[PDB]
Amino acid sequence: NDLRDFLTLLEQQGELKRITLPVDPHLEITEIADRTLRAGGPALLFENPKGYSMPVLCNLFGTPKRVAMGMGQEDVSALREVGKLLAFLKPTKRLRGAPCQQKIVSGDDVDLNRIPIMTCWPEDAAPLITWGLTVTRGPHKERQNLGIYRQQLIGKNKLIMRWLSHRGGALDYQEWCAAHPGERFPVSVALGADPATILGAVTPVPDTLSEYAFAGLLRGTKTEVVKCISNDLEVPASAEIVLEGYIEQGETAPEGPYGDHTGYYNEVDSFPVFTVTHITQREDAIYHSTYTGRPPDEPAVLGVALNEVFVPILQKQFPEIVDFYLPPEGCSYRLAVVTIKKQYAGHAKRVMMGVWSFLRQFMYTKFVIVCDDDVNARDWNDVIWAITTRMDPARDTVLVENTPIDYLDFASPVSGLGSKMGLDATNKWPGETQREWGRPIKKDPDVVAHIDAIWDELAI
Amino acid sequence: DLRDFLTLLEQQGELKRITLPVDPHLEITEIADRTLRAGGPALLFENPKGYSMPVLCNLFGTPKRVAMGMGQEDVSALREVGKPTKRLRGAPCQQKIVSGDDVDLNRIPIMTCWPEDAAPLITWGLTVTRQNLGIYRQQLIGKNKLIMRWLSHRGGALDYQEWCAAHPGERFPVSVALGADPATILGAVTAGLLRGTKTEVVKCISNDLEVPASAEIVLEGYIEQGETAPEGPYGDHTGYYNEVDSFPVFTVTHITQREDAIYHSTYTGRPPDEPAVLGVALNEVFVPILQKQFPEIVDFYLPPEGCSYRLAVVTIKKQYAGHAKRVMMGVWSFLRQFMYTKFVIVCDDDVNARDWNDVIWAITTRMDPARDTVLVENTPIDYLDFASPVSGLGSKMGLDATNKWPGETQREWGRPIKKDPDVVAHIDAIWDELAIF
Numbered sequence: 176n177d178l179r180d181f182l183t184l185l186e187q188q189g190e191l192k193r194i195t196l197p198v199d200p201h202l203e204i205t206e207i208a209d210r211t212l213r214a215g216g217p218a219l220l221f222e223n224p225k226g227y228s229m230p231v232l233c234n235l236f237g238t239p240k241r242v243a244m245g246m247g248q249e250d251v252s253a254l255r256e257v258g259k260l261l262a263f264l265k266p267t268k269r270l271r272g273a274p275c276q277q278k279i280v281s282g283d284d285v286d287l288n289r290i291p292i293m294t295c296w297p298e299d300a301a302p303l304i305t306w307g308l309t310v311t312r313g314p315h316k317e318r319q320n321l322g323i324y325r326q327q328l329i330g331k332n333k334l335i336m337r338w339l340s341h342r343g344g345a346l347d348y349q350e351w352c353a354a355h356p357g358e359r360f361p362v363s364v365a366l367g368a369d370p371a372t373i374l375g376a377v378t379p380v381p382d383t384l385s386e387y388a389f390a391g392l393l394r395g396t397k398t399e400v401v402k403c404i405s406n407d408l409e410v411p412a413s414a415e416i417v418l419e420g421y422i423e424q425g426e427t428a429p430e431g432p433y434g435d436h437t438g439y440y441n442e443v444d445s446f447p448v449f450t451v452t453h454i455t456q457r458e459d460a461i462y463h464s465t466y467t468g469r470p471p472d473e474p475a476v477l478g479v480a481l482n483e484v485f486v487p488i489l490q491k492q493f494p495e496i497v498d499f500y501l502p503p504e505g506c507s508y509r510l511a512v513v514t515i516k517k518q519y520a521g522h523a524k525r526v527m528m529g530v531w532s533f534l535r536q537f538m539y540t541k542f543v544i545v546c547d548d549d550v551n552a553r554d555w556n557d558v559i560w561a562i563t564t565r566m567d568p569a570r571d572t573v574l575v576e577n578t579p580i581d582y583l584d585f586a587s588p589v590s591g592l593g594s595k596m597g598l599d600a601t602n603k604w605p606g607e608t609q610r611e612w613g614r615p616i617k618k619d620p621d622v623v624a625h626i627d628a629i630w631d632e633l634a635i
Numbered sequence: 008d009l010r011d012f013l014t015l016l017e018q019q020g021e022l023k024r025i026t027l028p029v030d031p032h033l034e035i036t037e038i039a040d041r042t043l044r045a046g047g048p049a050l051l052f053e054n055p056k057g058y059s060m061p062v063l064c065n066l067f068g069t070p071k072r073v074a075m076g077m078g079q080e081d082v083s084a085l086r087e088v089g090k091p092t093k094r095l096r097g098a099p100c101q102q103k104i105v106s107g108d109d110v111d112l113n114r115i116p117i118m119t120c121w122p123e124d125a126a127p128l129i130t131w132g133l134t135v136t137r138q139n140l141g142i143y144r145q146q147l148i149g150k151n152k153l154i155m156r157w158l159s160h161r162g163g164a165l166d167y168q169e170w171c172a173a174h175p176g177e178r179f180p181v182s183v184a185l186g187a188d189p190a191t192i193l194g195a196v197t198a199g200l201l202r203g204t205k206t207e208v209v210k211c212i213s214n215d216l217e218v219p220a221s222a223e224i225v226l227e228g229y230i231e232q233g234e235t236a237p238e239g240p241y242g243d244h245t246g247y248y249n250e251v252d253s254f255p256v257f258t259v260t261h262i263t264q265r266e267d268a269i270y271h272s273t274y275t276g277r278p279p280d281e282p283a284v285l286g287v288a289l290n291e292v293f294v295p296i297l298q299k300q301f302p303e304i305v306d307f308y309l310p311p312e313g314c315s316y317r318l319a320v321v322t323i324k325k326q327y328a329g330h331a332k333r334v335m336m337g338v339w340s341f342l343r344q345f346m347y348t349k350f351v352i353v354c355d356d357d358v359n360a361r362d363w364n365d366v367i368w369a370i371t372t373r374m375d376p377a378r379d380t381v382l383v384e385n386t387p388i389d390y391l392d393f394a395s396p397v398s399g400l401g402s403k404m405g406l407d408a409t410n411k412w413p414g415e416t417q418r419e420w421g422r423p424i425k426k427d428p429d430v431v432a433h434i435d436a437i438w439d440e441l442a443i444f
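Chains as they are written, first to last, in the numbering used here: chain H, 176 to 635; chain R, 8 to 444.
Hints are computed from structural coordinates only; laboratory data are not their basis.
Warning: the hint list may mix true and false statements.
Said to hold, decoys possible - Keeping only pairs whose Cα atoms sit at most 20 Å apart, straight-line, the calculated EDC-like set for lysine to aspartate or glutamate is: (1) R:23 / H:442; (2) H:192 / R:439; (3) H:333 / H:209; (4) R:103 / R:217.
As the list claims (entries may be wrong) - Some chain H residues near chain R, calculated using beta-carbon distances under 10 Å: (5) 217; (6) 437; (7) 558.
Claimed, not checked - According to the in silico footprint, chain H covers these stretches of chain R (three or more CB under 8 Å from chain H): (8) 166-177; (9) 255-269; (10) 274-284; (11) 386-395.
All C-beta atoms in this analysis are idealised placements derived from N, C-alpha and C, irrespective of residue type, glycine included.
Just need the whole structure built from these sequences, with the hints factored in.
This is how it looks when you write it as structure tokens:
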């Protein structure tokens, strides 16, 4: 039901390790988690962080298996069904009491320095909160947005709220300033909610229902919430820790530099300040954290699982698509491989244009490789094979200039604007070539199946 | 010798004996393909369906095992190559003999590699014809007939062409050796002293040609002048079937073998395969020749998955704006072996050329595709590459994935995240006691 249930389950299955040695939240936890993630190991619970009593949980979603379990299922394949659900969509139980409100502190007594907030990389400006569910409401509307923004520590009761312009929290704030000049903007942040509510924030959800409602569908049951002490926002009742407060209009601060998911430092830049009035927590509270850096990291593993959700949405629109994959090594979204059952000359070009335009998540995707269905999109041995035996580079490469690009991608010529490349690695049909194309080597499916059957008894 | 080599590999967990019945028709290839693709061991099939002779394959399926076969622990010593034989009288390879009507090639577990291959095919024969050594594929067309597929430029074909001109009508003597010791096998690539001590050989029973004494099996015979046959189709190292074509016939008069002989085999197909892994190890010879001409080059690698020569990754210590372009042009013009290389990626020295995780990282964080991609049209291409628009002629692509300097960009380029060496060392020290697994 809640996060602790999830952790005891993981522990029985050898998917959680408790660590009793002293480990510093300054740089050391990150190093340990990075080595662990890179070898597919368990989630980690640091019971003795140097200089703090609250234990630190991280690497929670570091294998795609653990992502699936957090949505109820046993294997990664079942994410495709959550996909069909999302296509289909064009409730919440309020409690009076709640574990997340067992211990309270406010006003002058707020001291964020009692929490083991991590510092991830050697040149990061300061400790940084990374797994907060930020809850906001706009002025014209009842819907509550949930968002995951990084928050730098600048004082005993001050954090910076780094939301980028396009995201729901930033839009709610921008409207609030316009509709209520001068008024404090109410905000709350929840740390350590249950896995379904966490995974629901991460997933894109059409406006026809709320974010808490979706998470209720992944979980058998309705999402339980509780009203905040100092505002009318609703937060998950079993949260381990909750921060309540406001944004004072026109108060801002320099943020960063911080290491990012691309493997480089973002340079310094201004964002609004979040003043914390209340810290509420559970009785033996656990602090939930993570880090971004050179891929693969936990976010990148989440993004791989989350791309299985989208395969079906794509297929419904383009039934020619057999598989669709974004390697984590390409910073999760910058490169895609697509395999199709080709039906006509030029077909690959319509598929490129589809990837670059149908879903917003792929709007900034710089490289797209298209292949036939005799290629396993998830294996570089096949993908390189196809590129080097089915392309003439000048004939089969598509370039498009002056297209939208992430403003923090320093590799484009001007901020926000750059080019894209599609590679048509499909077999060329008459009209596309005047040569006799080669007949590929196909395996015998009967021999393949016989070897699957004796594979274990061969014991190699 | 070969058996010494195999017992060494076995004690180091680099050889699996397999006792289950398995067919040389298609099944061995499937098993070897899966094992190679996961970096597993060499394989010795002790019980091949319908044969007594065991089948050895995937011998050189990791570059480590190539190194061990040349004596040492690293492939490094090939970079120094970058910068006479002993005749025995008597030999294990001649312990058992068969000739004339008794020659029956169907007693040998010759593999059929892919479903539409014309027939069983011999793939690791050392063909002997000064003596030239060559590795030519040989299709089985009868009890004592094989097709000898050598293309015109190669040493065996040239010897034969001269023989027909100098001795009209005379039978051409030929021999083929299977399962020689690892050094003579690796030796190739236009005599090789990887071993350092001289190679041991033995005269053939029915001709004056010399073959390795520690061969498991030897075929002796001749080419009857003007006798030819349709060959193939066969699956090849590109991953496609080559179409049918005519080549000379090799009549086998004698089969000589060792007692308890082992049949050494392999397969070519969609890369990577064993030949491709050999070609990667063997390319290390050229790194030094490139470096002497372009000392900026730190590494230079051609993945097997690109059919051994069609794609190259190069890492450099960049010294000026535009530097990557000169290096591209160098790869495409300095050595003839890289004349047909279609794709070239250039990266900085913080990248391991041999790891796709690094190479994709660089491409997706240091390139604007239109600015940084170089296309050149109407350049020389292999005439058998059906993907070019016209036979013998096609385009090439260079990708400049280096960090961009002032002039190449007007933006603030990213500072990469470096780790704290003191934190790394402390975690090495407590790693075992942390006990995560």
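How the hints compare with the structure:
1. R:23 / H:442: violated (54 Å)
2. H:192 / R:439: holds (14 Å)
3. H:333 / H:209: violated (29 Å)
4. R:103 / R:217: holds (18 Å)
5. 217: This hint holds: residue 217 (chain H) lies near chain R, its Cβ roughly 7 Å from the closest one there, short of 10 Å.
6. 437: It holds, given that the least Cβ distance between residue 437 (chain H) and chain R is near 6 Å, below 10 Å.
7. 558: holds (8 Å)
8. 166-177: Three-residue rule not met by the segment 166-177 of chain R, so violated; n is 0.
9. 255-269: Coverage by chain H is violated here, the residue count being 0 at a Cβ distance below 8 Å.
10. 274-284: Coverage by chain H holds here, the residue count being 4 at a Cβ distance below 8 Å.
11. 386-395: holds (count 4)
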